[PDB]
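Here's a structure for you.
Heads up, this is only part of the complex; the chains shown haven't been moved.
We call the chains A and B, going by the order they appear; numbering starts again at 1 in every chain.
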């Protein structure tokens, strides 16, 4: 009904648009260079560091793989 | 046939891409700092204020939760 359930702070702007895994993990990039994987309760599952801002929005493969781009020129494939 | 059904004014640019819930509510961010929830008929359901421009496009969880990023560095989870 438009109340905060929770808010996770990253180190920079979040322009990336979140994706949701089969188990409800939320994946989103940040200008702080990381891809984040966050649990449905608001805690960090893991974060993967790229060489640049992650403005790209993650996609999730059939086998759980997370793809997303970065400012650092690469497209990343990361295991869930 | 490409005719205006309605247009809902926010206080700034809308770069965010809208999402549509199971009940047809539309979720979209604006550079005015708000995430908006709008009824299919053009009237505001609720708006949630963030600390910055919402350029992220919202995603919707299986239980109705709306996730979006903000320029204020946070990832938000909001109840429907």
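The criterion applied here is as follows: a contact is a pair of C-beta atoms (placed from the backbone, for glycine too) under 8 Å apart; a residue touches a chain by one contact, two chains touch by 3 or more.
Colleague: For this file, with 2 copies placed, note down how many copies the whole complex has.
Modeller: Altogether, the complex is made of 4 copies.
Just so we're on the same page, only the chains that are shown with their structure count from here on.
Colleague: Could you say what rotation angle superposes subunit A on its sequence twin subunit B, using C-alpha positions and rounding to the nearest 5°?
Modeller: Nearest-5 rotation angle for the superposition: 90 degrees.
Colleague: Taking each chain's centre as the mean of its CA atoms, how far is subunit A from subunit B in angstrom?
Modeller: 19
Colleague: Within their complex, state which residues of subunit B touch subunit A.
Modeller: 17, 37, 45-48, 52, 55-59, 61-62, 65, 67-80
Colleague: Touching residues of subunit A toward subunit B in the complex: what are they?
Modeller: Answer in residue numbers: 1-20, 24, 26, 28, 30, 32, 36, 38, 40, 42, 57.
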